[PDB]
Amino acid sequence: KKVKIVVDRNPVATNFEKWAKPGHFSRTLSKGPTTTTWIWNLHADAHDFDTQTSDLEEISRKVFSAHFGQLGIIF
Amino acid sequence: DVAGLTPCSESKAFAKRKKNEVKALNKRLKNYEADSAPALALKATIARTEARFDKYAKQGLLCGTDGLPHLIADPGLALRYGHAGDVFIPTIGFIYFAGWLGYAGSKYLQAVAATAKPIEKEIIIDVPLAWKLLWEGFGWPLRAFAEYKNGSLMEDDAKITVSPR
Amino acid sequence: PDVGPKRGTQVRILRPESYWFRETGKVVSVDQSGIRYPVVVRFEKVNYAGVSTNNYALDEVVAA
Amino acid sequence: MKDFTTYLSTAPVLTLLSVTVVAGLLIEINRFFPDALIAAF
Amino acid sequence: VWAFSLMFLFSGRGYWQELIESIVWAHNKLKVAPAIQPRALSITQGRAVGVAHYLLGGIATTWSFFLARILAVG
Amino acid sequence: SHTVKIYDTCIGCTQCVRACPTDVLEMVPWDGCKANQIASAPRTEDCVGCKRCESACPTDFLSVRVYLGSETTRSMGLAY
Amino acid sequence: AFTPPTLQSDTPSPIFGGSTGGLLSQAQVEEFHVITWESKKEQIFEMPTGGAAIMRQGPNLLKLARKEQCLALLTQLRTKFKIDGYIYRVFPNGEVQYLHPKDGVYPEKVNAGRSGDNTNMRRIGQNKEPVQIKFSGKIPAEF
Ligand code: CLA
Ligand code: CLA
Ligand SMILES: CCCCCCCCCCCCCCCC(=O)OC[C@H](COP(=O)(O)OC[C@@H](O)CO)OC(=O)CCCCCCCCCCCCCCC
Ligand SMILES: CC1=C(/C=C/C(C)=C/C=CC(\C)=C/C=C/C=C(C)/C=C/C=C(C)/C=C/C2=C(C)CCCC2(C)C)C(C)(C)CCC1
Ligand SMILES: CC1=C(C/C=C(\C)CCC[C@H](C)CCC[C@H](C)CCCC(C)C)C(=O)c2ccccc2C1=O
Ligand code: SF4
Ligand code: SF4
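Protein chains in written order, with the authors' numbering: chain Z, 11 to 85; chain Y, 318 to 482; chain C, 35 to 98; chain L, 20 to 60; chain F, 678 to 751; chain E, 2 to 81; chain U, 188 to 330.
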């Protein structure tokens, strides 16, 4: 009730640790590339935010920020 | 001449082709002030074309019935006719560079195989190790012939898995 | 007494219909009950199904 | 930093970087030594 | 590219897996096999690659044809 | 009417019998494995050929093995 | 010993609005299937032929064409509802079989008293060669 602005402060920490380790978002993708199918599924499931989290809140936040990235690319 | 092919420096069709291609570029020139950027670009192109046609004539490439350079792919029939730079020398050059890259990759595989997580050291390359092995790969003829004379280059088929016949 | 290969040693698979034919794997256990295939072997490399553990007999698991 | 350099060692970035370096090198060689049809030494 | 796409749309994964098996034997004989298994593309990925190449080839052919026609006449 | 066989490399993991959508495979007591159970295919008249059973077996090579054969209304999966 | 239950024909059916995926002419010439369960509350479920039905309190009966549709419905019930049901096969002459919970115990659990049909005691490559069994009206994997 009553439309308003609600935010969480600093939900995510701006690091580079997860760029060093590909496949962090998906539990199945974790534990190393035993086969090249891992390499392909790394990209095939990158934006599939549904399979990275069941929380609709986190899905929505990821969608919001991805839209900002798309706008930046268009600019 | 090696097989009815007169040297391009003698063939009239080769010089005729030179003439025609330059004349086309001159016709393209005759539309701009000879000091504008398009005019400078056209003049540079014509200079490049003239340099190429003189370079080809100097090196004695063989032209056919048409005015186009031909190459010889037989050692001996190209070494006794002064045409070893056509296929044999680039053959050596390629074989060398290809072997260099292949040996660098092969040794990197054999170096990261004996580690904790070999499937991890293929998607996250170790750049210092890759660069060291890339530098060591330059002597690949020597090292590869050493490993063949040693028998350590290859693996006996009794240890390679095979299909059920 | 204990039968078959020791626990932790490396063995060469000799079953011709196995994915790891003529490849080495480490023994993780050997059942003593009387199963046909009690030797349990672990490999580093997976097969097509994505598994890396398999049970073999004793005549087809030459050690070292 | 360490993680940034680890990211720069990943196959997607290092492959692309090496292809860019080799492409640039071939482009430079062809810019200075153009139209070379044979190995004239 | 379009014709290349047909590779992926008429073939099946099994042929490619056994072909890659022979290739991997060749690599094993020289101690250059990767620790990451070369696996043929999944069925879904084979179809996806095929359709991507088909559409790319067709659209690029039509694009180039249209542009050259309309920039040489018109 | 597909020919489903179960071989002694079975370890009785029950995966093949949970996978099957038509109830063709079943667990029976056995003694040639640690679980003391093996699979069996009595109701093979119901086998459609989906090979979900054969795609769940962890044994190498596969213990449950299907051989597609003669086609009937049950095997061809016809609702019309 | 075990005695399979009897198919009670007068059983309430789920509240369903009618579908285009129901029975066809094959249920009047060959045979069809019936699934019966017992619901602890009246709840909405997904009928395997498209649409949603509501299962009622107590005994529920629902007739489908293929056995596999019945087992799919039963798997849905076992996972999302923890309800156990029975699948009968009805012929159009009146005969009724009892199908899925054959021994009362589900197929994944050992019952001790089941038949080990089609269980070879050889591996997979220990079968005969096709050249040896040539002109036999069988396949190598049934010798
Ligand atoms: C350094 C890695 C390496 C090495 C040493 C070899 C070596 C060999 N390959 Mg092979 N291959 C490789 C990578 C490699 N390959 C990769 C990544 C692929 C996937 C595209 C293939 C796919 C492949 C096929 C399909 C075939 C071979 C075949 C062969 C054999 C014939 C030689 C040839 O011309 O192959 C050809 C080479 C290619 C087709 C692609 C080469 C890939 C690049 C150029 C090399 C990779 C270098 C690596 C990424 C850099 C690492 C450097 C390090 C510092 C990090 C030969 C023993 C043939 C065979 O069966 O044997 C007779 C064969 O048919 N290869
Ligand atoms: C409009 C296109 C687009 C957009 C908006 C996004 C957006 C996003 N992607 Mg994505 N992706 C895309 C295309 C896109 N992607 C494509 C085409 C692929 C092909 C495979 C992928 C593959 C991919 C993977 C595998 C992953 C993502 C992930 C992500 C999320 C994390 C982004 C991030 O934090 O990095 C920050 C972005 C910036 C700081 C801006 C600069 C971009 C990078 C850092 C440039 C670095 C390159 C650098 C210059 C060195 C290379 C150059 C040299 C080799 C010459 C994010 C919302 C990650 C994720 O979180 O999954 C949910 C993830 O793991 N993407
Ligand atoms: C003219 C334009 C041509 C494009 C036509 C598009 C048709 C293809 C549509 C298929 C849907 C693909 C998306 C879902 C993907 C999908 O479901 O496809 C299926 C396939 C794998 O899916 P699987 O069924 O194996 O999924 C199992 C996994 O999820 C479990 O781990 O994915 C791929 O095709 C490989 C992706 C590699 C592509 C990345 C390689 C590098 C390319 C980088 C990006 C290029 C630049 C982008 C432009 C700026
Ligand atoms: C001179 C010449 C020629 C040729 C001829 C002939 C006749 C040849 C042959 C040949 C032969 C008949 C051969 C055979 C062989 C065998 C073998 C066996 C091989 C091999 C190889 C390998 C083994 C490799 C290895 C490696 C390395 C070393 C590096 C990288 C890594 C690897 C491992 C890959 C011609 C005229 C065309 C052109 C010109 C030039
Ligand atoms: C050729 C082929 C293969 C083999 C394809 C392989 C092994 C993938 C080849 C990719 C190589 C290893 C990389 C080649 C790199 C290219 C120059 C560009 C790649 C583009 C990337 C961006 C993906 C299949 O696996 C397959 C599966 C199902 C149906 C049809 C087919 C099929 O036709
Ligand atoms: S899945 Fe294979 S090993 Fe497991 S019970 Fe079935 S036949 Fe036996
Ligand atoms: S093929 Fe399908 S229906 Fe037949 S036994 Fe296997 S899982 Fe059951």
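Note that these hints are calculated values from the structure, not bench results.
Be a bit skeptical, because a hint or two may be false.
[Stated by the list, open to error] So these bits of chain Z aren't anywhere near chain Y, every CB distance computed over 12 Å:
1) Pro-21
2) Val-22
3) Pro-32
4) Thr-44
5) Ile-49
6) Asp-55
7) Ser-64
8) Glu-68
9) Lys-72
10) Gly-79
11) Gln-80
[Said to hold, decoys possible] With a cut-off of at most 30 Å between alpha-carbon atoms, the simulated DSSO-like pairs for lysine-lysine come out as follows:
12) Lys-375/Y - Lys-434/Y
13) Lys-31/Z - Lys-449/Y
14) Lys-708/F - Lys-14/Z
15) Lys-35/E - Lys-315/U
16) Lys-35/E - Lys-52/E
17) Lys-11/Z - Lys-21/L
18) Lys-269/U - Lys-250/U
19) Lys-325/U - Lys-315/U
20) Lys-296/U - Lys-35/E
21) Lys-449/Y - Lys-40/C
All residues carry an ideal CB built from backbone N, CA and C; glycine is no exception.
Interface exclusion of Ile-49/Z relative to chain Y, criterion Cβ beyond 12 Å
7 Å, violated
Separation of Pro-21/Z from chain Y, once the least beta-carbon distance is taken, above 12 Å
The claim stands: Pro-21/Z keeps its Cβ more than 12 Å from every Cβ of chain Y (closest is about 28 Å).
Would the least Cβ to Cβ distance between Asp-55/Z and chain Y come out above 12 Å?
Label holds. Min Cβ-Cβ 16 Å, cutoff 12 Å.
Run the distance test for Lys-375/Y versus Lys-434/Y: straight-line Cα separation, threshold 30 Å.
57 Å, violated
Straight-line alpha-carbon gap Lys-708/F to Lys-14/Z, limit 30 Å:
64 Å, violated
Decide, holds or violated, for the assertion that all CB atoms of chain Y are farther than 12 Å from the CB of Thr-44/Z.
Violated, because the least Cβ-Cβ distance between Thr-44/Z and chain Y comes to about 6 Å, which does not exceed 12 Å.
With a cut-off of 30 Å on the C-alpha distance, tell me whether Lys-31/Z and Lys-449/Y pass.
24 Å, holds
No chain Y beta carbon within 12 Å of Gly-79/Z's
24 Å, holds
Can the restraint linking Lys-449/Y and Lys-40/C be considered satisfied, given a maximum Cα separation of 30 Å?
At roughly 40 Å apart (the allowed maximum being 30 Å), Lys-40/C and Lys-449/Y break the hint.
Once the closest CB in chain Y is found, is it more than 12 Å from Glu-68/Z?
26 Å, holds
When you check the alpha-carbon spacing of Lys-269/U and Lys-250/U, does it fall within 30 Å?
This hinted pair holds, its Cα atoms lying about 20 Å apart.
Taking only the CA atoms, is the gap from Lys-296/U to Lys-35/E under or equal to 30 Å?
Distance ~15 Å between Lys-296/U and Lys-35/E Cα, so the pair holds.
In this structure, the hints that do not hold are numbers 3, 4, 5, 12, 14, 17 and 21, in rising order.
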